[PDB]
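Undergrad: These are the residues of each chain, in order.
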Amino acid sequence: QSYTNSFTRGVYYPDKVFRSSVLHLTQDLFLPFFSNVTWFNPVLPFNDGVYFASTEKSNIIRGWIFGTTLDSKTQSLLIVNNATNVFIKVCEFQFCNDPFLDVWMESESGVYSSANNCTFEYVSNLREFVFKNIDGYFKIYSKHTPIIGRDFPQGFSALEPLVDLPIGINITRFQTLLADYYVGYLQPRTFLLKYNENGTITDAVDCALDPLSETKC
Amino acid sequence: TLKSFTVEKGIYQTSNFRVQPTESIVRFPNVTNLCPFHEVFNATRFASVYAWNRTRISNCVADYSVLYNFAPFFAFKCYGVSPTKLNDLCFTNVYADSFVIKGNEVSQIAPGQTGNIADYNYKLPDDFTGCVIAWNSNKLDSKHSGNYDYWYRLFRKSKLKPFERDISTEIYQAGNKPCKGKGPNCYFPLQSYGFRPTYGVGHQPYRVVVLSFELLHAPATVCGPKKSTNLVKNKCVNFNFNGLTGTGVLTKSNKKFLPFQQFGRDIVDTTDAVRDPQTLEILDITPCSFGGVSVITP
Ligand SMILES: *[C@@H]1O[C@H](CO)[C@@H](O)[C@H](O)[C@H]1NC(C)=O
Ligand SMILES: *[C@@H]1O[C@H](CO)[C@@H](O)[C@H](O)[C@H]1NC(C)=O
Ligand SMILES: *[C@@H]1O[C@H](CO)[C@@H](O)[C@H](O)[C@H]1NC(C)=O
Ligand SMILES: *[C@@H]1O[C@H](CO)[C@@H](O)[C@H](O)[C@H]1NC(C)=O
Ligand SMILES: *[C@@H]1O[C@H](CO)[C@@H](O)[C@H](O)[C@H]1NC(C)=O
Ligand SMILES: *[C@@H]1O[C@H](CO)[C@@H](O)[C@H](O)[C@H]1NC(C)=O
Numbered sequence: 001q002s003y004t005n006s007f008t009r010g011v012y013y014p015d016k017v018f019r020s021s022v023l024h025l026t027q028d029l030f031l032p033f034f035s036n037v038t039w040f041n042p043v044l045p046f047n048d049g050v051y052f053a054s055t056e057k058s059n060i061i062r063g064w065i066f067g068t069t070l071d072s073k074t075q076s077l078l079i080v081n082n083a084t085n086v087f088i089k090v091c092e093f094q095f096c097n098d099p100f101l102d103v104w105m106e107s108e109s110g111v112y113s114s115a116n117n118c119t120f121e122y123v124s125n126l127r128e129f130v131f132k133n134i135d136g137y138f139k140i141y142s143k144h145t146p147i148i149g150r151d152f153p154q155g156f157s158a159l160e161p162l163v164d165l166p167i168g169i170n171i172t173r174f175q176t177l178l179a180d181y182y183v184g185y186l187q188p189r190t191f192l193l194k195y196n197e198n199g200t201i202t203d204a205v206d207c208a209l210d211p212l213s214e215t216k217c
Numbered sequence: 001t002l003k004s005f006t007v008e009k010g011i012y013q014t015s016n017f018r019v020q021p022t023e024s025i026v027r028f029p030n031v032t033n034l035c036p037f038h039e040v041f042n043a044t045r046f047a048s049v050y051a052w053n054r055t056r057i058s059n060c061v062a063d064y065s066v067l068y069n070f071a072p073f074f075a076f077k078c079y080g081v082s083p084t085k086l087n088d089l090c091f092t093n094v095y096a097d098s099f100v101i102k103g104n105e106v107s108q109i110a111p112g113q114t115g116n117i118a119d120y121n122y123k124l125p126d127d128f129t130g131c132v133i134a135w136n137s138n139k140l141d142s143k144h145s146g147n148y149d150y151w152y153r154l155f156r157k158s159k160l161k162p163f164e165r166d167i168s169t170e171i172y173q174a175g176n177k178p179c180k181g182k183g184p185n186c187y188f189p190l191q192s193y194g195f196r197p198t199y200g201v202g203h204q205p206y207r208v209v210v211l212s213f214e215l216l217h218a219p220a221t222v223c224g225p226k227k228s229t230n231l232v233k234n235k236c237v238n239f240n241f242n243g244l245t246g247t248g249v250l251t252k253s254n255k256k257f258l259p260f261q262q263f264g265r266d267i268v269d270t271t272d273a274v275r276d277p278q279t280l281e282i283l284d285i286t287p288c289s290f291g292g293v294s295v296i297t298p
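Taken in order, these protein sequences are the chains called A and B.
Throughout the first sequence, residue numbering follows our numbering, covering 1 to 217 in sequence.
Throughout the second sequence, residue numbering follows our numbering, covering 1 to 298 in sequence.
FYI, nobody ran anything at the bench for these hints, they're computed from the structure.
Be aware that one or more of the hints could be misleading.
To be verified - Below, a list of computed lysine-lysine pairs in the BS3-like style, where the Cα atoms sit at most 27 angstroms apart:
(1) 143/A <-> 256/B
(2) 89/A <-> 139/A
(3) 143/A <-> 16/A
(4) 73/A <-> 161/B
(5) 143/A <-> 73/A
(6) 102/B <-> 123/B
(7) 102/B <-> 161/B
(8) 256/B <-> 139/A
(9) 16/A <-> 252/B
(10) 16/A <-> 177/B
(11) 77/B <-> 16/A
(12) 143/A <-> 255/B
(13) 226/B <-> 77/B
(14) 194/A <-> 177/B
(15) 139/B <-> 159/B
(16) 194/A <-> 102/B
(17) 3/B <-> 16/A
(18) 227/B <-> 16/A
(19) 16/A <-> 123/B
Unchecked claim - In silico contact screen, one side only, chain B against chain A (beta carbon under 8 angstroms); selected entries:
(20) 41
(21) 43
(22) 217
(23) 219
(24) 223
(25) 249
(26) 251
(27) 255
(28) 256
(29) 257
(30) 264
(31) 265
(32) 277
(33) 280
Note that the Cβ used here is the ideal one computed from N, Cα and C, for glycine as well.
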């Protein structure tokens, strides 16, 4: 594991309101410009949301698990994007420590060991996700820009909201489910977002980075 | 306005004119996901009262008015809020109960009541907010030989508490001596019914859905269903779109929204545009004409 910098990555649509050719000064939880990003199965904390980037070719990433203690005594959220449809299941799954399958078969979901109440269920190249939790709602935003090359592209990409869910649970620890990735932590900030003719976010400016990027705000 | 009876020459300002609305438009989203309580109300077999199924109802739209006509509920008692208020608060983690009990027993399923079933089988709290519904089931829960498949508790060395379920099958003790097996004062605390199609009205089986439902509060609030009306364009109307309420004229537009957006806003705050949840068409909202009504006198 190493430490790198995120140029201008992590900017997403804050709300579901259309705006045409404008500049909006908003306050929200974001990933600060040029913050320190952990580059990587340890357990990582969940401070007011996380930003997860993944780059792979072998498709080893298979999902995520979230919870407060993961002791099978409090509700845990499992997201598995196996091969065709994504399964979201919210309960006290008795997960195994290391769910790994050799290599065909595409079976044997022995990730968990026992079942419980299980209230909520749901079905449906530089993959970037933002996971936020607020007001009892879990919000997952995603973007998939096919990388042209092999380095990390310092560029701007807005993240459209993939799903908003009323799971209504509590989460403080999150892990990763395997068969390179980047982890960053969000903070409250104020941003200036630029909107084209088509309610697309094309550029963003922070308001706590530099002297110039405060006079701009 | 001038507070005088002698108006001189000039153009005097006066009241204001507005174009008042004439219709009301309400357009809630497509009505797709609703629960087939068909599985909850039209099943072949139900559970015994001692092992009552706490049926879970979630993630759908409340449409049980067909059950008003398809199933003529002879019993309908609601001790909580009025049904007319059910649109203000909906339910997501709501529970339902399925009972198969006798005839002269539906009166015992009521708050503050006493009896064998109320004390040993199913006890409701004093502050009970729910609806009891019952209906006769001779045609599908009675048999000439006898429906020996529904059981009920008779003996227990304690009283019950609101919303408690017991499945215990251990023998009941009545005397001082320790007990191993039946025989003497040591009875089995489970006894079945003997429903037949030719019983009297008070002994025929009643399928009793004690909708002891509530559990309204939840991060999610799957709701009851809303009525929608038609849409009127090029006219001054009072509109309500998914909780956004206003007045104006809804004309055709050419803005290219993105698939995840609902409303639109101008440079300041105002809801310039909107998207209809059903036909998925951009609609421009323009405010009603208003201004001054100035007067010219010589
Ligand atoms: C993380 O990156 C920031 C850049 O803003 C730097 O100031 C900080 O020292 C870094 N932390 C490390 C390398 O441990
Ligand atoms: C359902 O929830 C209750 C309490 O929340 C728990 O005691 C019970 O074990 C759960 N059911 C299962 C099958 O785990
Ligand atoms: C908006 O979408 C249209 C779709 O044809 C595209 O031509 C245009 O370039 C986009 N952006 C602007 C600046 O309007
Ligand atoms: C839902 O959308 C379909 C698509 O045309 C339409 O046929 C149907 O009538 C809509 N339902 C409602 C509630 O109007
Ligand atoms: C209740 O559960 C039993 C099994 O425990 C089942 O046979 C019966 O059909 C169920 N009835 C209802 C009310 O769904
Ligand atoms: C459902 O039950 C009602 C109750 O009488 C009945 O009228 C209706 O035909 C039933 N529908 C089906 C298909 O089970």
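Undergrad: May I ask which of the numbered hints given earlier this structure violates, with the numbers listed in increasing order?
TA: 5, 10, 11, 14, 15, 16, 17, 19, 20, 21, 22, 24, 25, 26, 32, 33
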